[PDB]
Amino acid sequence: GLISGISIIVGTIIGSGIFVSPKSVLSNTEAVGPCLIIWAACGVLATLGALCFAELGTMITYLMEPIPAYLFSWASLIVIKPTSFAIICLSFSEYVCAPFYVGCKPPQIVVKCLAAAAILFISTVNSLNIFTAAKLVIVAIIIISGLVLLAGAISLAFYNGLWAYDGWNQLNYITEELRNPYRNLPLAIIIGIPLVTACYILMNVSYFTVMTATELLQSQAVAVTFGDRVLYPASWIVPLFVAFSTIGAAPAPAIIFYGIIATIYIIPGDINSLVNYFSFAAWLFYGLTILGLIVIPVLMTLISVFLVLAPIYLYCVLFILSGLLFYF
């Protein structure tokens, strides 16, 4: 009942963004303490957002909001779904060819063609539970193995930190068929998302006790370097499981259109230039969704407008704010 809903919520939240985010979130904070503080802030922000969506999605059942709705429909077809589809494939590419280049980083040409090949493969397969189980093993191993050896620039940290919390806005869509949403859906979020937040904090401190702060910047795949410095004899299980589960997390005309325009997103943009490109448009419409409810919400709105006006990206406002307004 309740534990099943909690497990389902945890499963759709812990994605392939916990071992890709720290490298980009430490390059902006340049510290360890502020990094964990930003991670906890992102966790509590995702918790509040999911708790608000649990009360906004079960009362109006695009469905939450004319022109704004059209913009959301237009943005979710170019810069939201295809961009997030390319980030998952870029994360899989930078992790399956990382052990091959031990001493030095992999070439940019190799990771792009390998990511493009991964895009065309799953787009063809989809046009015709094992991933979740293997994904939780790495998160459990890194946390457990981390404890046996233990005892402007502020807006980009939120963008990279909130990418790990991907799926907090679609929780009420797959949780209204379990039990009564009276005191079960808001209860499974107020203790389910913070449980992932504490899980992410316990996973981030496992990196700082093995490798120092300066080694995290020059490491594209932070999990493959943690797998050889702790589990030296068995070091191939980390880059294999996180890659076998990443490819799983990633309608014939809809899949083809989502795989064609996603290939042109990895050519001029790296894995870091796309997280701040997707989280910009995503949180822009998230703030409009919270603002639509008002017209927790007093804080969700004041923190969402700051996450958008602080970086102001130039190649994004002419696609979501100019592309459809000429069509409408």
The other form holds:
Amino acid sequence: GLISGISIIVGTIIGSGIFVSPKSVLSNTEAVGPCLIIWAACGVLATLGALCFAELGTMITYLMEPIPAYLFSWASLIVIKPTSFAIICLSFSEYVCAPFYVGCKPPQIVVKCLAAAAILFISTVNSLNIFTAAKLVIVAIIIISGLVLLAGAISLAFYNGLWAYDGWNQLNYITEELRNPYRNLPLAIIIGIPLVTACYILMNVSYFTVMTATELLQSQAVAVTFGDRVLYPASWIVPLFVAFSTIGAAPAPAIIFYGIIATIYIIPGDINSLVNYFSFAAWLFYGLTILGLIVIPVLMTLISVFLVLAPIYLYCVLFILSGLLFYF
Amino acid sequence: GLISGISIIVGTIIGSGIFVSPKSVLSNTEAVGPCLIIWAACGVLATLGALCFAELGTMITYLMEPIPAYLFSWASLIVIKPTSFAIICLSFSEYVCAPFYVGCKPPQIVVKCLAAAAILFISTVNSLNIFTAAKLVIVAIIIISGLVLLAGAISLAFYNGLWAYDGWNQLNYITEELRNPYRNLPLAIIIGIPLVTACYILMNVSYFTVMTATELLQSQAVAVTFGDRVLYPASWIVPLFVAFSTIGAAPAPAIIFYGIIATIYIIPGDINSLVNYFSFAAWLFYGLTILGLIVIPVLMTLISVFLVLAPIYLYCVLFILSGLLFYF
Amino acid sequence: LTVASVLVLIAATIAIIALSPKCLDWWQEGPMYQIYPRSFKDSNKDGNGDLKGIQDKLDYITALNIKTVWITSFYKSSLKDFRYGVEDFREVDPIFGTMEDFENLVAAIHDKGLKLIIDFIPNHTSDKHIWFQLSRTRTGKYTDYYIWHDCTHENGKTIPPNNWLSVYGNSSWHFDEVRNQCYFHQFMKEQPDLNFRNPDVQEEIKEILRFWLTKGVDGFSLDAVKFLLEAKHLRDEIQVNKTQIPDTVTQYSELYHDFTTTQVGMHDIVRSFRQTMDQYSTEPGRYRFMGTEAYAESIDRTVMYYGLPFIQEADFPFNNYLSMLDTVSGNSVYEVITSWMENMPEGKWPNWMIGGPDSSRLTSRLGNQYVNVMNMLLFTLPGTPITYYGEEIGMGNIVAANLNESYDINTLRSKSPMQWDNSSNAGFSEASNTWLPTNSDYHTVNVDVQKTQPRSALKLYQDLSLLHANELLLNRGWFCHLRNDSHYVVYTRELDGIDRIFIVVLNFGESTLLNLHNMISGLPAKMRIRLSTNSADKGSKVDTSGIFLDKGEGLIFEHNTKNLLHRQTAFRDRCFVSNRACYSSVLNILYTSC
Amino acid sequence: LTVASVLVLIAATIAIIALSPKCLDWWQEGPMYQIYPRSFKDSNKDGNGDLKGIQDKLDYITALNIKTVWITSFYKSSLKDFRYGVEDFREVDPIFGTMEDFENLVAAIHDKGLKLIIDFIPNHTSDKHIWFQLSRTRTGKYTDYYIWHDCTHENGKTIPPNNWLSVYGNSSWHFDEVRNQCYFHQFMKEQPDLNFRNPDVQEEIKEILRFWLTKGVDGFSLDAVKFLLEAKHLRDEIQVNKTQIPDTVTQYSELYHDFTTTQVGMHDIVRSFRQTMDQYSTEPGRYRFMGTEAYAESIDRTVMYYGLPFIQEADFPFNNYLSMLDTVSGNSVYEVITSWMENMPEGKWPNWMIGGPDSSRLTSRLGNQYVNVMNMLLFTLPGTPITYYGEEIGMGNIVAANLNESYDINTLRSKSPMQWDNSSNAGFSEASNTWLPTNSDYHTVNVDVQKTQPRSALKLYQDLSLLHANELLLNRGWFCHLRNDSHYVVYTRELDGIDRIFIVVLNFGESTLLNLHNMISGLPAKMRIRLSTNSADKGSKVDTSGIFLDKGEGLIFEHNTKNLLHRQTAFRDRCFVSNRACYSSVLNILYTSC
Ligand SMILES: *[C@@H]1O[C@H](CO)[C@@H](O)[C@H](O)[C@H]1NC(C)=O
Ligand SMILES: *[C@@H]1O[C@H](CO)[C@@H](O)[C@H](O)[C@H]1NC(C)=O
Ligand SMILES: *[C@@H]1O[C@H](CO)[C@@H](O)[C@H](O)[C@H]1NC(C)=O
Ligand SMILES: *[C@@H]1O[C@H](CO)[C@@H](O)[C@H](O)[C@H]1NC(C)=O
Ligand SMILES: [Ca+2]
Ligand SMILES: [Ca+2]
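If the structure you just shared is the form solved without its partner chain, then what does the corresponding form deposited with its partner chain bound look like?
Shown next: the complete complex, the earlier chain at its head.
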């Protein structure tokens, strides 16, 4: 009942973003304490957002909000679904060819064609539970093995830290068929998302006790370097499981359109230039969604306006604010 | 049409018996020439048998012949289906643990528990095309790679040689829904089974040009030793594909009963004491099936009586000569 | 069509991974800057340099594009000179700080992307060592830790078992009144050679290596490798002068050392040192370097430390050549370069160092005019350039002072403190009566003065390391030398797929003119210079037929052509490369097959 | 329940595969029977033995439970003795058949499950070799294939560059009138040493090794390894007699050979020989053996050929000991066994051979009474027993005959033809005037006579190899020797999990009585014998306190107990094992952990 809903919520929240985020969230905070503080803030923000969606989605059942709705429909077809579809494939490409280049970083040509091949493969398969089980093993191994050896720039840290929490806005869509949402859906979120937050903190401290702070910057795949410095004899299981589970986490005209324009997103942009490109438009409409509810909320509004005015991107306002306004 | 029927016939004939038979068929002929002659004789015999069944099965549609039918039903439940189910698992066990013991043969205890574990695994999976594709690759690789480097005791040879031709008696059961059986089913057999016969001969000569005749006797898995003497850098693909396809070739009360009495068959009998134990009862009822049709022929009769009187074990006369005589 | 295009990409990626060569390790790319720990920088204001002073000046090391430090031996030693006789390998002397000061130095080095190397002396120990004090009393397993032999020692004088002489005096067998036996030292009276034929002793050295490897020293540098093992048969060595009377041979030069140097099994001990360090090199980025540093020997014996194609011994032996050369010319410099490239096995990484601790300074041995041209030769060679401390600028030798500590009078002129500022003691220390007098002409030669003024001999060292690190022709490229001359040394650095070569010209003569049309074919009417050994004519125009070169003058020419000398049939026996690879301009990646 | 039982089986199988030790190679299990190709069996009726005669008697080799043959060097040689100076490595002499007769011999050997080994002499060549005939004229690359040095040779005599003497005469530098230079041979006047410092020569030996490896020789056996490299500095060796006058030292014994034996880099050449043969050992059943066979040296130099734990050199060097021993006693035999087991690195496989080609026969050096006891010692030791041809029976030496061919007068007594029958020439050949006279007492000593009669010295060799092959205690078991005596040698063979030990007692004394209660503790009142070197008495009853042993008497006792000596604290420094394993009676498999 309740534990089943909690497990379902935890399953759709812990994705392939917990071992890709720290490298980008530490390059902005440049510290350890502030990094954990930003991670806890992102966790509590996702918790509040999911708790608000649990009360906003079960009372109006695009469905939550004319012109704004049309804009959301138009944005979710180009810059939301296809962009996030390319980031997952770019993360899979930078992790399956990382152990091959030990001393130096992989070439940009190799990672792009490998990511494009991953896009065309799953787009063809989809046009015609094992990943989750193997994904939780690595998170459990790194945490357990980490404990046996233990006892402007602030906005980019949130962008990279919140990418690991990918799926907190679509929790009520796959949890309304379990039991009564009276005191089960908000209960499985107030203790399910913070459980992942404590899981992410216990997983991040496992990296800082093996490799120092300066080694995390010059390491594209932080999990493959943790797998050879601790589990030296069995070091191939880490880059294999996190790659076998990443490819799993990634309508004929909809899939083809989502795979064609996603290939042109990896040519002029790296894996770091796309996270701040997707989280900009995503959180821009997230703030409009919270603002629409007003017309938790006192904090969700003050933190959303800061996430937009701090960076103020130039190649984004001419696609969402100029592309369709000439069409409409 | 015709090519589809030929492919279906070839698929159900080439089983996991082509890389297990030569070791037992050379220990009786003790030569290379007579070995290929016996293989060609077995091939033409299977061809004639399938051609006769193609005319006997499409005119009476157990179904081909009272007491004989009851005996066939009783034999196919103990000594035909469960015995052949154990030979496939024994062949998979002797091929998955063969590369581990390079210099010496594997222990008898290790191969039996590994075969018993394989029996319990597939019996549990079944109680709740990729194998064929990977199986034809090894047969094609060994033949192709074999050509780039090329240019009493007589009854046991037939028993081990005919085990590779396993499935020639159940061809009309899965070929009556393709097209007219007027001139398609007998046509796909007179050129489909001899095609496998020539395929088996071209595969057997690939072993005698790499390893000598005396090395074939002291080699339980003849394919794993051919994989390291020719394809030295890539030598793990041979013991993996032939084991991944063997486990695929191998009703809750029926599977449990077929897995319980099959475990007690590997304790007092080796892989050589079971082939002459299954082929004895199998060919005994095969001769009764041909005799039932009567009630080329001058040669089919003189060669069938020799195949029965030459072998003429203590655990067999109390099942076929004592089991039903107390029931009748 | 897309179903075929998806695998054509996977086939392309698996081809790039299979054709990509192995990336150069940290010891192959980036120069080294050998630092003397006692004459670099002082912090606690005591008179002597310390490890904390090196941490304070770490930002200057990165300013020279330096990759590795290679700190000279800093241990608790009763003899600070003469191969650094150590009395405690696990502890540090009161000088150079404490163990915590060392842990903060290596940690700060890793934060700036630099690498560390420490000197290791497994050959001998000191008289005050706990192993030698326990060996004279025959206490436990330490009774055979040293080479002991029964000798006669009566009222007046000791008699050694053989005529084996030490490198620094007489009678390499000394008698002690506790054990009543002679011990083999071979270096000094208070430096007993550690017997390596004892399986216990060979394993005790492994514990010392693993002790520093856990600290993160990132490699070692062996000091005396050829003196490890000796002949078990205590036979007399062959004298150079056959008619010479015995009881008079007391010099290390007048004796053939065939039983005390490079014995059978000495390399196997060096092979075992790499096997121990290989356990800590399993990490992809944490590789361990090992240097042999075998000096005063022929070229065929030095290249034997490179190892065999089926067994790894060491990365590269330290190139002692180019340092003992006092008078440099076109033929002396060319012979040294060809002696190393022709004797070294292929696929290995060479190295070069102009000066060191046991050698005179560059400007004091060659001259102030050769400071600029020798720095270019160090960075234009395929090997790993190794730079002594204070060598980037022109620092002269000092006169021999009478120190109360046991120090070598000679080879001490190179231990002068680093000239940082123009303040008291050249900014080396704010204290008085330093351990060694700073060179007099420090008001004109220091890092602060040479940084503010242009055309100095400090910027040339900066852009040379930048050109060596940025350009791929100097990192991993072919080396094709042109003939032989007595007044100019010219060689070409090239690489497949670059479509551009580097022509380096060094004079080493007497203000002669060079005709480049007689050496290399296919050069245009005008060529541009890159750096020079004067920093005033870069980016100028000079024709090939007729180039004005001064005494201390060197040029680098950058020509665009696809006529590499390494492809011609004539330049096949004079072209060497370590990692043969091909460059691609369209796809910016490294290729093996091309 | 079944879903848990299925994985508990897979966990059991993966545990057996992970705990199963590596199976013993063909060179570790099964004895060797060294055969002289010229004195074994003749077929074409010419007088000399051939390779076809060995194929005809192949069934007798399997009757002795022999695994490997190790045929002595059979090449086209101008000198059949003195280290077998070969003039053609790719061809066979007119004797021993042709190349087709050799291919039929190795093929017939593989059909019977046997293994082959051929001798290889890469050190020197013959004067009639195509390499030496092309070296005297300086034709191409062969001008430096040998050690050539300019020497003075005037009207009367030649003067060598140094006093280096050959093993078989004077003046190991000989002058030729074609090249006008002295060549280094070190063995004989017509056996020039092949210079191995030439990279071309070292690669030419690889082609000779790969030539026979494709034929299927199943390993090699190097003859002279310590004579490969010499000192580049042609300096005079140290004389044993310092006061000895020069121009008189002409014996190989009165000279210390420190520059012509075991030089730096000699082992690296041996390390490269294994690397070449490793390319043909990739098959699981086709492994290549390599023996060094370094004779006349100390024990510490012989064990160096075993290799290091991180680099493989050779399987085992041939144990020259137990063959030079003329007078055997309790102390001489015990010292030889302990000298090899204490100096050999652990995890290696030892070996033993009682006789060979360059040694006297067993019954001629020790006596007919010691033939039975020495055969038991060969099969009761952990090493691989190596048996000379005709050694299984008691074959005496023959007198030295005057042969027209260049053969050594000494060490020729062991080259007597094999006594097969009691017919003419002992059935060795149906022809007359054989190459060597067959021993006179062949009517009483032959394989046919010893097979028909019981209590002979042929059945003892048969059941010893059967006991060594069937029982696992003799194949791979512990070796715990008991103290030291001058009139009996006792050792125990045991293994973990067998619950049964083998007590071997050899007299080697003068008909003394042994008290087994003083050596091993826990023995019962009565013990049974197994073989009892002398036959008959097998399966008899003897009490421990008081055992009657003759001069040439040996016993094997089989006791059932779980009180293995290797587990006690007293027998810890006198117990050795190569592959430590534990046996299991319930599950008949080999275990590492127990
Ligand atoms: C050293 O050699 C020279 C011969 O050139 C000669 O003086 C003598 O043999 C030796 N010197 C002394 C002082 O003995
Ligand atoms: C040395 O040379 C002479 C001349 O042939 C020879 O008689 C003698 O045997 C040689 N010495 C030895 C030990 O062979
Ligand atoms: C060999 O040594 C002995 C001394 O024991 C003495 O005869 C002499 O020094 C040498 N013999 C000859 C003949 O010189
Ligand atoms: C055993 O060996 C030692 C030294 O080798 C010897 O002194 C002793 O006499 C020997 N004991 C016997 C019984 O031979
Ligand atoms: Ca030493
Ligand atoms: Ca030689």
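Heads up, when I say rigid core I mean the largest set of C-alphas that superpose within 1.5 Å between the two forms. Only residues modelled in both forms are compared. Positions refer to the first chain, counted from 1.
Student: Relative to the superposed rigid core, which consecutive-residue segments of length 3 or more display CA displacements of 2 Å or more between the two forms?
Tutor: Residues 324 to 328 form the sole shifted run.
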